[PDB]
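*Asks:* So the chains spell out like this:
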Amino acid sequence: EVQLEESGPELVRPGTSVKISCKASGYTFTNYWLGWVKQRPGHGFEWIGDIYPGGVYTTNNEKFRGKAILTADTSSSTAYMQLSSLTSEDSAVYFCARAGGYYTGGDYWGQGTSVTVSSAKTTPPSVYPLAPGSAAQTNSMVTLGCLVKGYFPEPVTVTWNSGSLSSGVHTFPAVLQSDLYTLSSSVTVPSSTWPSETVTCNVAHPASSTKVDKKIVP
Amino acid sequence: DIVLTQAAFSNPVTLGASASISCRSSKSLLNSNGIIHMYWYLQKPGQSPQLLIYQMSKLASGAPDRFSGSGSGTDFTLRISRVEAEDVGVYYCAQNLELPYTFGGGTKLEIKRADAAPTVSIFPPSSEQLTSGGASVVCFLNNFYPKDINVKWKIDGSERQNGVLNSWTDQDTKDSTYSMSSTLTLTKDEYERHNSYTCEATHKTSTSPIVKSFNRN
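Protein chains in written order, with the numbering used here: chain B, 145 to 362; chain A, 174 to 390.
Same shape as in the complex, but just chain B:
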């Protein structure tokens, strides 16, 4: 089974360089071209370059000359992309992809690497419970939620009952204000089930090595 495993999210300061990786498995590494593309938050795709590890050969987007360089290590079946003189313009998700053959497109994809170029410091979120206040909310169903406030950088991962509560969940995209992000998550369950069968939100923020759980209580 062909897999392309990319390295973890990066938070780095402008003017530095970062080296991100794409570990391949399931096929002969030297035999296939790998391509790299850039996707800026809320943007489309931009092509950076292709690398043939059996060569090593590369074909590159001259719009990135001096910004990006592609290399590969045959011994560990890993392709790298080095980005330098970083700016907020470089803040993107970077993907690697295998060219399946002779101009046949990318048949396997990495999960992407998020790079965030900021002088801003990492800040963990505040998680607040959202329980119905004054106004007997519906009856047949009941909606609960969690407010996740004031973190940096993206993302956070929200779950309910550690993932076992997945139906009727809406996790909203974050809004960025005063260098910090805020998101909410709603969950709707049958009324007869709460607070009888507990409902807890779990918010993971990898950058700050933090997780916080809030049980929603009446």
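Errors might be hidden in some of the hints.
Here are the simulated distance ranges between beta carbons [stated by the list, open to error]:
hint, chain 1, residue 1, chain 2, residue 2, range
1, B, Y247, A, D288, 43 to 53 Å
2, A, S254, B, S306, 33 to 43 Å
3, A, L188, B, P350, 34 to 44 Å
4, B, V146, A, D321, 38 to 48 Å
5, B, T282, A, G336, 25 to 35 Å
To spell it out: a stretch of chain A is covered by chain B in this simulated footprint if at least three of its residues, at any positions, have a beta carbon under 8 Å from a beta carbon of chain B; those stretches are [claimed, not checked]:
hint, segment
6, 204–212
7, 264–272
8, 276–283
9, 299–308
FYI, nobody ran anything at the bench for these hints, they're computed from the structure. Think of the CB as a built atom: it goes at the ideal place given N, C-alpha and C, for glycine as much as any other residue.
Dock chain A against chain B, hints included.
*Replies:* The following block gives chain A in isolation, referenced to the frame of chain B:
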């Protein structure tokens, strides 16, 4: 640059009906060897892109044969014979004839389904936040269609615009609805100077707003 032009938006398409996406190339994508260098990718939110069509009209392994491609050497069309709800996302064209390789700007596919009114819920600040001197009042407007919707906040019956932040989900891949959160963020001081907090939803499914409220006391 070989420039690939795509509309960011497409008309909403009924479940089971046909859809078409177009892409236009500023230069012919035909090679001396006969290949037409046109590729179509789909990308779903939070996912890596998926190859559907290669060399203008060849079906990628893993792509359902509902997907099909054609074109001349400059105008290309991606077609979906029968659209499914899970097909929502952004469709990209791409070329590798000439350097630099390029992508078109992507076209978002949307499903047309029967209108649905939002389910609205309001929540007051938590004790935990108030302790910190903050007071956010949250309103969820879930599972509605169509996407167009407006929210109005009122404090002690006066309309409030300042300190309101809105966020919309992407179209649901299963029920083809939309959801929206609206958050009014005040300081504790301001929150404590008023009593009634109201969120009102106005949507095409009714001439009457959907009103949810609470009173601090």
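*Asks:* Are there at least three residues in the segment 299–308 of chain A whose beta carbon sits under 8 Å from a beta carbon of chain B?
*Replies:* Held - the segment 299–308 of chain A has 5 residues with a Cβ nearer than 8 Å to chain B, which meets the minimum of three.
*Asks:* Taking the Cβ atom of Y247/B and the Cβ atom of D288/A, is their distance within the range 43 to 53 Å?
*Replies:* holds (45 Å)
*Asks:* Report holds or violated for chain B covering the segment 276–283 of chain A, Cβ cut-off 8 Å, minimum 3 residues.
*Replies:* Since three or more residues must qualify, the claim that chain B covers the segment 276–283 of chain A holds, with 4 doing so at under 8 Å.
*Asks:* Can the segment 264–272 of chain A be counted as covered by chain B under the rule of three residues or more with Cβ-Cβ separation shorter than 8 Å?
*Replies:* It holds: at least three residues are needed, and the segment 264–272 of chain A offers 4 whose Cβ sits within less than 8 Å of chain B.
*Asks:* According to a criterion of three or more residues whose C-beta lies within less than 8 Å of a C-beta of chain B, is the segment 204–212 of chain A covered?
*Replies:* It holds, with 3 qualifying residues against the three required.
*Asks:* For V146/B and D321/A, compare the CB-CB distance with the range 38 to 48 Å and indicate the outcome.
*Replies:* holds (43 Å)
*Asks:* Taking the Cβ atom of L188/A and the Cβ atom of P350/B, is their distance within the range 34 to 44 Å?
*Replies:* Holds: the Cβ-Cβ distance is about 37 Å, inside 34 to 44 Å.
*Asks:* Could you say whether the range 33 to 43 Å given as a hint is met by the Cβ separation of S254/A and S306/B?
*Replies:* Given range 33 to 43 Å: holds, Cβ gap about 41 Å.
*Asks:* Regarding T282/B and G336/A, is the given constraint of 25 to 35 Å on their beta-carbon distance met?
*Replies:* Distance hint for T282/B, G336/A holds at roughly 27 Å.
In terms of the numbered hints stated before, the structure departs from none.
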